[PDB]
Structures are given as structure tokens and as C-alpha cells.
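**Q** Spelled out, the chains give:
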Amino acid sequence: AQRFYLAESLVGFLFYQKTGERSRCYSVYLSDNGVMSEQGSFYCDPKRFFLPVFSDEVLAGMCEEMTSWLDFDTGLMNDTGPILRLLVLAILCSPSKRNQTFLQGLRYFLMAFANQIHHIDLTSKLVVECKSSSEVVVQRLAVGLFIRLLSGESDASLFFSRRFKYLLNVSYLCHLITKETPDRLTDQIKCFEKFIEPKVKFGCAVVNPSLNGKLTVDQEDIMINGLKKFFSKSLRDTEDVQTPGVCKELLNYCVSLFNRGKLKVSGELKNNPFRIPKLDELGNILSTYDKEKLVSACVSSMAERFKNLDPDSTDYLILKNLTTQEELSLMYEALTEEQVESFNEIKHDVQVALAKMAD
Amino acid sequence: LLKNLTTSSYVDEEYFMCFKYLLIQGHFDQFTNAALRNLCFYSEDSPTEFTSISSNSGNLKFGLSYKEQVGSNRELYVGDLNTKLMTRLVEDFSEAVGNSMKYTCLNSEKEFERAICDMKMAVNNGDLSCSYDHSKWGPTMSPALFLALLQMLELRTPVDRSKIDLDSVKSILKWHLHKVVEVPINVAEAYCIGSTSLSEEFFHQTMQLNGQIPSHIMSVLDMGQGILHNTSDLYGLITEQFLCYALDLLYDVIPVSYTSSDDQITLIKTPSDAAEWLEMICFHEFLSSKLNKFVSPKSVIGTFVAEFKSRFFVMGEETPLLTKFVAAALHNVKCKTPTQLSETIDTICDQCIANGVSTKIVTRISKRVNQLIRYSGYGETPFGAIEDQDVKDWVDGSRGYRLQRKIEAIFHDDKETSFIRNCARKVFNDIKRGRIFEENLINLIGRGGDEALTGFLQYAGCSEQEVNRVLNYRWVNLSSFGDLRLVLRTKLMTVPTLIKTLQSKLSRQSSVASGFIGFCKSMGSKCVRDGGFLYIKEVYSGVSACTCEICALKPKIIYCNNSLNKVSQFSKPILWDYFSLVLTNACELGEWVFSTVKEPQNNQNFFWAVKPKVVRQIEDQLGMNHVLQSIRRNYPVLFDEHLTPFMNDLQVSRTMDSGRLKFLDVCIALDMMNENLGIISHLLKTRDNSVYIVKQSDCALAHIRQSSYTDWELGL
Amino acid sequence: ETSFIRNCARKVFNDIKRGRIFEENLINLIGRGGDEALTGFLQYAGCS
Amino acid sequence: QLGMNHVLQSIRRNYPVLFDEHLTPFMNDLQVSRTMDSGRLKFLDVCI
Amino acid sequence: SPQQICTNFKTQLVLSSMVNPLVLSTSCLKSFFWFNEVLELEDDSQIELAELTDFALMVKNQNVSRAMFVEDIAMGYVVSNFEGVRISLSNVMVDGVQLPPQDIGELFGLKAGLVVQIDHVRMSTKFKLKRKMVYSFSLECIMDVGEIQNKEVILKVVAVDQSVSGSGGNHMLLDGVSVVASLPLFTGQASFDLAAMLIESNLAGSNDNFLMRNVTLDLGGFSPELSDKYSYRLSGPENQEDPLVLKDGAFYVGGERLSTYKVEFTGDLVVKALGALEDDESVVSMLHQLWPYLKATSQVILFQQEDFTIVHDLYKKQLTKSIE
Amino acid sequence: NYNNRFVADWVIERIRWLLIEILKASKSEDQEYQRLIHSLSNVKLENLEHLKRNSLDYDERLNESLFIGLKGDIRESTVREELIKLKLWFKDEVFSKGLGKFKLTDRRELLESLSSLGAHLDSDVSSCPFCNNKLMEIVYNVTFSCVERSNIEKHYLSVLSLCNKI
Ligand SMILES: [Mn+2]
Ligand SMILES: [Zn+2]
Ligand SMILES: [Zn+2]
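Chains as they are written, first to last, in full-length UniProt numbering: chain A, 530 to 804, 822 to 853, 859 to 874, 886 to 921; chain B, 1010 to 1039, 1086 to 1249, 1262 to 1339, 1347 to 1568, 1578 to 1591, 1611 to 1633, 1636 to 1705, 1711 to 1825; chain C, 1490 to 1537; chain D, 1730 to 1777; chain E, 1826 to 1927, 1932 to 1941, 1947 to 2158; chain F, 146 to 173, 180 to 195, 201 to 305, 321 to 337.
Cβ pair distances, simulated, as ranges:
#1 B:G1181 <-> A:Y534: 52 to 62 Å
#2 E:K2081 <-> B:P1704: 28 to 38 Å
#3 E:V2013 <-> B:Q1726: 50 to 60 Å
#4 B:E1512 <-> A:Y534: 57 to 67 Å
Listed next, the stretches of chain E that the computed footprint assigns to chain B, with coverage defined by at least 3 CB atoms under 8 Å from CB atoms of chain B:
#5 1845-1855
#6 2108-2115
Hints listed in this document are in silico derivations from the structure and should not be mistaken for laboratory results. Here a beta-carbon is modelled for each residue, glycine too, at the ideal position from N, C-alpha and C.
Use the sequences and the hints to build the structure in full.
**A** Printed below as a string of C-alpha cells:
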């Protein structure tokens, strides 16, 4: 349980059951004069609420100024002020990537609305699937604000610069929600998806090579097939307008046009230009090579020392090469949950190695 | 040890480790010179003969990862050392070729400013502005396209006209075309252990049907994001030049294009309203799609607003982007020491107030960071974070100036600080006008703060009265015998600051919440050093609450001398720091900070630009090989050790290259002893703003501090 | 010639003492030798 | 006055390699000649 | 033209003092730009009156303030009310033979193997050296002499040491230390009045043995003249008082006006100083206090022409019409 | 480095120099000699002419599939004619048919589209943010219960700090 003071007599209690940096489920209670009441419960991640820890006056000032930006019409800011404040509040109480994507889509919408011509596939890049029924309210608030500022028949653009600035600053509210990868495994999986999808769609993703510069007949066959498919686009067929590839005719045209000093650039250059981690794991705090080197060095030092008996001071060695009870605690406190788990794993390895050496 | 471990795990509450130890205990786990000469020390894998797909030393292996962004995560490719060197050579060649070019703006701020002003003029005049963002620039390009391009080019020499042979470049590109990208082991385990997914379907189809579990993926079109950036930039530049030529020849318009290797901006001037240009732009889109330059649906064409590198220009002015800077200021609280956090927040608030945000919001951010550093258990210090109750004078003012402003605001009726400013002005006049002072102030300052201040005073002029009066104001400096020892949440596997800044100049995934939590936790152990280590509250509990009408003007900030008799090791005068700051501002940005502050006698929407009004007297150019000579002269042992092992140009720094600068001699010794001035690392840097948008309501409420001539107009 | 050289030396002396802006640059200009050092001092004073 | 420990500092400043070699192997008082003992004399810099 | 240096420095000093009261220490003399008096190696001519403090600054004095009125010679014409006191022998053996007299006869017999050891003389000579101007000073000197006791004739001497103290100016202590080294005392006839008198005070006794056996010193002639400052010579019951201030070009020792030294400005200099000042009220005070100081000077050379029309920029008719 | 703890760290480089001199003097293949000299130097970019670049019967098809249409010598006027013909074909084959990629705004249609995509109408959620989000309901409850309504404790906190420290 944690405590926070709110008034002269009543305090607030925060009850939970787990430790670490994972997402937990919390329960909030109050206490006025000893009678412990019930306020509620929720489920959230603690490392996504660092912004409002003390920014209770900065947000008020910035929203007050953003609302006073629209002081050109007495009656328009009175309707957008509370709406803006409620939208900001709902954004702070619900951090998610979908909200950021929605506000970026709103920014692009405003950018396309200000100008005169826009792409025909615009409205399909603004929709985002909402879940947990929490994005509905923020999307409705943003849409209502955009409509209240943009709608109108004739007297809807009395001061369009102020309106554009306000809407842009509203769409840019996505920077308030932090970007700290809500889940690592899902993000890595999605990255692998986005990486390997176009290559499977094209049809040229080969399987594990020899890693030495020796390809089989099928590998080189499919490589040459992909190379041919890359340079097999014509200048008249309108069917291939979204698949990768280039036509050789236009390339030859551009080359012959650039060679004979026709473009704004030419080949008249000066100053002649001719003057241990593992790759299969990026993001891990410790690779297998480093763990193995550490355990080998530690067991070697312990074998050299036995020239038996060994106290827990060997654990101190683990703390010395990775980053006397006081120094031990000071070097042990600086580890994270995954770090302390890896340290316990290394400790287990070193201890079982010493035990098997003892036999 | 096995039985000891089992017993120690059994006596505790957890039984899982007990079961693991119980299981591992139960034993439940049961004469040619080309072949016999490459096993001792022969570097057999050295590149001597290569093929069109490898180099006899690997196949340019890579590694896949992601990078965090606001909207969606970006790709990331990290390579081995050999492929890193090859990519470095390729990118150096391509960046040289691009620097030889003009229109591209990726590593040239001059062309960026040119594009900015051209876009502004076009928006003010009403030309056709088209911002083209392209979708899937990375995962679509292929090294074969660059290969064909470089095969088709000539690259004529400037004075030889020799048609340089791009043989090695084509060889390295052929090597890159057959690169091997290794998949992460986490995705492999997640798909092996075990909703519809196409890549998961491909993984399960290539799991054991054709071969083994996929771990290495080679293909034609990869072009790893952040690998071939310069080559892609140059290719896009030439393609856009060809396209603008074609448009100029077909639709008799005047196009000018600026590129950034990911997005472009085209300014089109039409002859002789804008409803008859749809065919032109769709033909341009078709021609770009004929190349590998597919345009994204987010690209916009109009005549009212333009965008380039997230910099929106509209008719008349520019959008300030308030909330972006506000969120950037509230975020990225990376604290190793309170001083570096204060400096980071200083830079951020400066670049924020540069874009006409406000003067009442920055005060709130400064109060916020003050409360953050106070909550950590450090207590408020005279310098601390950014001062409160600032003004629009962030222009023509550096960190030293605002620190001086804070120290001046500490005192209500400045008589001690005014006297110190007068003494600093006297020293400045006698060192510049009288011009007889050098390297003796170096001998007088190296001692410390107390004797140096009274020495400067008796050089100017004083008595024992001033010695016992000025030197009474003391503040607690916890980092007096060194720096605060602490181990924060860093990554695994692992002297004044001016030396470190110079070493950084010569040479070439963690969360903010957890970082601040570790900061507050490590600021509670034995941190302050002496002689041994102890607590901060232990030091702050030894002060005596005398309350003698002089240590009460600002509690927990300023004390008297006898109030620190119990703990006197951490007690330094603040007037010495004020003197140092005044002299440092004098050597930095002129002598207009010696006068007294006078106070003066608009719809919140009248914005306008202002320029700094600084005047330097410190040899304005101030390049390298000047601080190095001064350090070699003044601090020989400090110039030999900890400095210049990684240097081969000592001859020019030794042969008196404009030796004995006007003020770099004395304006450098105050920086090495004081741990919070930081001016030598600031003089070797640009303003980075050069212009400040501000509202008129803040310009009329500023303080008028312009100094008359100290000689009272009496000199000549 | 010697009177002109004495005048140049007096000018250098005045500008190094009264004007008081000269140090360690004459060291860099003198270490070369006699010819270039003399013409350097002269063009510092003034000549053609 | 012009005593000792003034030409030595000027040589150390102007000619470092000439102050290291051929000079001061037989000396144990380098600390006073190094801690700017009235450094930058009025003319000993250029008159040397 | 160092005469112009001196007169411009004096003008700056007087016009800077006539805006607010300042102390007459090195803090208000070295802190001025025109204080080029430390330059101009040929220092034969000083500004108007500050010879003593300039000669002191050439020795880098740390003085603050005193009655610098050398016009009335404080080093010459000084009262010479000189006297002496008894002695106190070191190597204490007299406490055992002082009280048993209750006699002097056994002490005289003891003073009559040979036991002539070293002799320690301690003297505290206090004088009241005055000066020509209205002032006073009390200066006492402690003298410790290590000599050799004699058999019968006079005495034998080895070494001497002096330590001055008390309240007195630089000229006062200079006069005192010069006359104590050139007095009818030990150096010469020694003017020594033994008469078994100071022994009767040290060795407590009220009897005489009809034998004085007068002694005389033959001191070497050491020269303890190394202070020459306002310093009270490392000891004194009175320190750091009598501060000199300046309000209207007149020396104020405690509030009384001593005199006003003449300073010329020729009109252009006063406006050249009035050009760049702190604020408006400072110029008001300066221009209101100028003509009261003009009453104590004689300067009409101030050109009444276009320069006065330039001074007219500071519209202060009340200040120029108040003195009338 | 070839340093060790048995020699004075000055003979190893001499032996290495003597060995490479003896090797370059007389030998006894082609690449086994270039690596032996390279693996005994101390320190040593582009211009990799020391390489061999041997063919493997595979780069043939690479060059045959990569450099058949690359000429780079086309005249200037024929390109003009080809672009003119391509534009004339584009105008009346794919643009007059309605297969473009861009269109005018018609701001009313954009407003309708945003109201359709953003403002949800087929959802069962109510128009109140407090009863939808749990954290908003919690903060509302706390604020509306708070707004509308001694040495013992310090000794206790001190002993709490002492036991937490020990
Ligand atoms: Mn863009
Ligand atoms: Zn106090
Ligand atoms: Zn509700």
C-alpha cells in the first residue's frame, strides 16, 4: 500500500499485490477520520503516467492560452474551453498508440482540408479500430471539436489562421502520450510482419543460405526470376501501379538526359571521392556470449582462489564485473526486474558449476 | 553447497527453487601448406579473393530490430563490422557525390534554409505548393536499381574528364544485393511454441515443409532503413530532376523541387483558378509510380499551406507548434546529476520560447523541475534548476546571465552584489583598459573561493570590514570533496568537466519513470563524500537554527558563517560565484551587465521577430587550437595527462597559433574550478536560433538593463 | 636606413607597451629567421 | 628586480621541447617554476 | 600631460564624492579609472594633497583612514614627554627572594664561585606624542634586552628587541621610533638613574644599604623602523576607528569640516562627467551640490557658450537657481 | 598483439621482420602467400585491386538480366517526341475514364466523411466519459468526495525509517 495526502484529515490509500515494472491492478480507498471508505479499482501500467506527476499547472496554463487564442468571437471559446479540457483529461487517463494514430490522422485531415486537391485514398488512412470502449469518447470529443470549429455555411472562416493553429495544436496532442513500447514481444512480432510481408507478396524471399557465398540452383533461379520481374514493367499497362519495379525505357531516358547537361544537375563534381553482440537478439540486456564469458571468468577466478570453503562473497564477484554488505547493497539496488532475474540466473549457473566442481 | 542451497530455499517461503535444486540433485539429467598450417595463428578468413555474391569472409550479415516513434515504430538494421565498414565506404562515396550536388538538402543546412525561404515566398505569393510523402521507401527499394544507375552514369572528373570507373562501388553493391538478414529468436520461439497472420502463415509453411525453421532471409528488394540513405537520396534527386524537366517541357510551368530522401516539396509557378491542374499532377503521379517512387495518400497539393520536415508555413506567418515543445519539455527527464538536468531543461525551454510560446508557462516548467529535484531529497540550492519569474530576455542572454539574474533576485536591495559587480568592473577595466593583468589571477584563483575573493577584493580595494561582511553569506555545497557517488539504471556491462567536453569535441530503451525512480532511490544512500561517505539528511541535520536576521531571507538556501560551525567542510561563499558569473558574462557577451536594473513605466496576439543584441569582446571567431594552447600553457601536467593522447597535430597547437588571447586566458580558469559555469563548452557553439518570435506584451514588460560607459563618458 | 629601423622599433615598442597588444606572435614570427622576420615586422609597422 | 624562476617559466612556456630536453634534469624545484610565479613578465617574453 | 591626469583625477574624485558620502580608503581611490598615479614612474608631482597616501600605495599599503593633515606637520613639532618604568627579570629566580624581605641587606650581599648569569631587561615606555593639527596620540613601546651581568663597573650587552603599540598615526610612530633611537638614553650617557630604585620596586623592600652601584647600558644600536604605516604594531587596545568620509569636497573626520582642496574643471570636464551617470536623481544631487563647492573654489573659466547649450540637455533650472 | 610475459617485448617484432623478409626472399600458392605477409604486419579503404574477382558461372546471368536495356546514349529530341506521345495517350486513355489518383476537396463531403468515420453511431457507449473509463470515474469520485467534504506521528515515522534502513 501507498499513501497520498489530499487535505488536513483525509488521505488516500493505494493497494496492490505485485511488484516490478509490469502492468498491475490497483485499488484506491479514502480515509477521512479513520472510516476507510471505498473509491474504486482499476488496471493500468505504472510506467505510462510520468508526465502528470507534477504538471498540474502547466497544462492549465497551456489550455487557457490555447482557448484565449480564439478571443475574436465572444461565444466560441466558451464552448471549446471545457471540451478541450475534458479531451486533454481523457487523453491523460488513457495512454495508447491508437490515440496517437488518430490524432496524426486528424492532422493529415486538416492538412488536406486547408488545400484544394488531395489523394483519393485519404479517408481510408484515418480510421483506426477502437477497443476497450475507451477510444470512443476521445474520438467523439476530437470530432465534435473539429466540427464545431470547421462547420458553417458562410460565417465559418472569419479568422481561419487562428482556427488552423488551434486545430493543429489539438491534433499535435499525441506527443503527450509517451512512446515506450507497451509490449516488447508483440512489437517485435509486428516488426517482423511488416518486414517480411512485402517480400512474401513479391515472391523472392529465399530460405537459409550457406552463409559462405554458395547458392544452390533453386536459390539462384528464384533470385534471377525476381530480378527479371523487377525490370519487367512496361510504359502503357496501368495494372502495375502499386507493385515494386521500374521500366528500363524511362530509366534510359533519364540517364541520357542527365548525361548531356540538360537537367539542373550534372556530372561535373569536384573533390574526387576516391580519397561483441549477437545479431539474432537486439533488445536483450544480455546476450548468451556475455553470460557465458561472465560465468567462465567467475568460475575460473573461484578455481584459482582454491589453492575448500566459499561464502556468499562469490556473489559479490557477480556484482563487480556486471556493473562489504553496504557496497553489495549499493551495487544490487541498481538492477531492474529483468536485470535481477538475469542476475539470479547467472548466480544459479555459477553455484551449480561450483557444486559440480566440488564433486 | 547443494544441500546448503536446498536448506536455505526450504527454510524460506518459496519452494520452486527447492524443487529445482532437488531435481538437479537427483541426477535426473542423464608437406602441404594449405591444410595443416591454418590452425595455429593463420588468418584464413582474410579477404584475398571475392565473388559477385560474397567476399570469402562472410555474406554481409545483418540484424533486425525496431525503433520507437510517435505514430508507428520504424525499422532498424544493425550490421557486423565488415558490412559496417562496407556501408560506411559506400555512404561516404555517395555523400561526397551528393555534396557535389546542389538541390538536395539532407546534410546541408544552407540548402535547407534556401528551400525554407523559397517555400515562404511561394506561399506569400500564391504558387502551387505540393508536399509529396512517399509510402514504403525503405522496404521497396533494391540495390539492383542503384547498380543499374551507377552502371549508366559517367561521373566525369572536374578537370580531367576521365569518366571514373565505378568498379569497386558496383562490387560492393553486388555484395549488398546478396545480404543475409537474420530473424529475431524471440519471434521464432513465439511462432514455434504457439488469430490469422500472413507472416505467421509463411513461418509455419517454411517451418518443416521445405526446410528447417527460418533463421536467415535473403531477398532482392530490402534496402535496409538507415543503410543506403545517401544513395537513395541521390537517386531520388536525379529522378525528381528528370520529372521536373518533363513537367516543365510538357505543361510549360516552372517547377522547383527540394528532396529529403523520404519526402519532397515542389513549388510550381504557373503562367497567366487551380481546377485545371489535376491532369498535370495525376500524370506526375503516374510517372513517379512508373519508377520506384510510389506516392502516399498523405501527399497534398494546394496554394494555402506548405509542409516540409514537419515545418508548416501558411500565408503571413508560421505555426508555432506550442504543444509539441510543451510535451517535449515535460518528457525526456534524464537525470544523472541535478546540474545536467537543469542544463537540459534550460536548452529545451530556450528552444521552446524561441517559437513564441509564452513567458508564463516556462515559469511553471521551472517550478516543476525545481519540485522534482526537491522531491528526490537533494534540497533546494541557490543555482538549482532554471530560475523563476523570468522575462523575455532569453534573447541576448545565456545560462550564466540567468544564473546571475537568479542570484540577484535572491537579494532584494542589492548592495553586496552591486559592490561585487563594481569590483568586477574595476578588474575588467584594469585588465583591459589598464591592461596589466595576466596569469597572476590564475595563481590567485586556483586556491579556492575564500582566499581568491578576498585577494580580488584587496586588489580592487577593501578593509577587514568587507572581508568579514561579504564572506558571511554561505551556502551548502554537497559536492565539495568530489561528486555524488551513485549507480543508476544503466545498461549491463558498464577531473573537471571541461576536460571531458574537450575529449568529446576532439574525438570524432530505458524508460523515464524507472530512471527517475532509480535516481530518487540512489539519492537516499551514503552519497556525499568526505576525507568516507554519509547521508544528505545527516549533513542537513547538523546545521544550527541560529536565525540571526541574516540567514532568514531565504531558508534552506543562504546561511551565515556561525550557523555552519558543526559542519564547515561544505560551506562556500555565494558572492564569489556571483563575481565569477559577472566576470564570465563580461568575457562572454559584453559589459552591459554592470549597470543597475530599472523598470519601465497588447491583445496577446501581436507577434514579431527579434534578433539578439550581443556584443563580444573575446575574439569573435574563436575556433579550435586556442583553448588547447591555453591549457598547455597554464596547466602543463593537466595538458599532458588526461589530454592529447589521441592527437597528431600538436605542432600547430605548440607553435603559438595566435597565443595569449585577450580573455581566453582568464575566462578559462573560472570554468575549470567552478562545476556549474560551463562557458568554454558554450563558446565553441552556435546560437542555433538566430531569431526569436515573441509577443509584444512581453517586450513592453521587460527590464531595461543597458549600461552606460563605466568611464562616465570621460575617457577621450 | 638605421634611423628608419629605429623608428620601426619605436613603433613596435609603443604598440607593445602603450597599445599593449602584442605577445607570443612575435615569437612565432621571429623563429623563422632574419629575412622573413624583418619584412614581417616592417609590414606590421608599415611599408611597401 | 628580475631574479630567477622567471626565465625558466618563459622557456617552459615558449619552448616546451627545449625546456624538457637539454634543460631541468638537475632540478627538484619545478613546482614553483610551474605554478605561474609572476608569469608573463612585461618584456622577458619577447626580450628573450 | 600628467598635470591634466592629476587635475582630471581630482575632478572625477570630487564629483563622485558629491553625490553620496564615501569613505576615504583605498576602496574609493584605487576603484577610479583616472588613478594613473601608480603609473608615470616620475612621481615628483602629486595631485594636490595626497602625497602620503600615494607614497604608501607605492609600498602597497592596506590603510583605511586617518588624519592626513601634513600641512600642519604631524611628524615635526611633537611633545617629548618621555619617561621609563621598572623591569622584570626573566629566568625567574626572584619570586623566592622577593617576599622574605619583610631583607634588602642579604640581597645586596648576594649581589656583592661567580654567579654572573645573563640579564633580562623589560621596559614599557609610554609617551603622548601630539601633532600640529588638532589631534592626539598615545604610544607605548615594549623593550626586551638580553644582556650580560657585570662584575663591578657597568654592564655587558648582547641583543635588544622592540615592539611598538598604542594609538598613533604613521608620522606619530615615525617620530617616536626615531627619537627613541636618537635619545639621551642608553645610546650615549644613557641618562640612567639606578639609585637602587627599580630594584626596590621589583625586589620588594623599603630599606637602603648606602650603596647604589649605578649601572649603564651600552646597547648595540639596532634599527626597528619597519612599520611606517597606520598599523599599531601588532598590538593595541584601540583599532579601526575614526573613519574619514567625504560629502562636499571637505574632509569630515567625524562630521566636522577640515578644509576643501581646490579643483578645476573648466566647464567641459563637468559636462563630460555628467554625460553618463546612474539615473536622474544622481545628476540632480551632483548639480545641486556643484555650486556649493564652487563657493569654496574659484573657476569662471567654464566657457559660457554652445557647451552650456549642450549642458542644457539636463533641464535642472531649480538646481542652478537655488544657489543664486 | 604478439606481446607476452616471457620476452622483453622487443624481439618479437624483430623475429617477425626477419621471417617476412625470408619469406619474400624465397618461397617453396598465390593467395596463401598474400595472407601470411598480411597476418604479420602491424597496421594497414577503397582501391581493392589486390583482390582477384574470379567468375563462378553465375554472374553471367546476373549481367544478362541487369544490363541488356541499359544504353545511356539516347538523343534529346526523340525523348521529347516520346514524352509527347505518352502524354497524348495518357490524356485520353486513363484520365478521361476516371482512373486518376487525386481529386478536389468539396469540403462538405470531407466534413460528412469525418462525421461518419469518427463520430460513432452504431456503438452502445453513452455520452459521458466518467462512466466509461475506470480511472476517470475514480478521480471524479475522489475529487467530489474531497471538494464537497504531536510527537507521536513523527516518532513513528522516524522508527519506520530506522527499521526500513536496517
Ligand atoms: Mn514531408
Ligand atoms: Zn543566521
Ligand atoms: Zn456518466
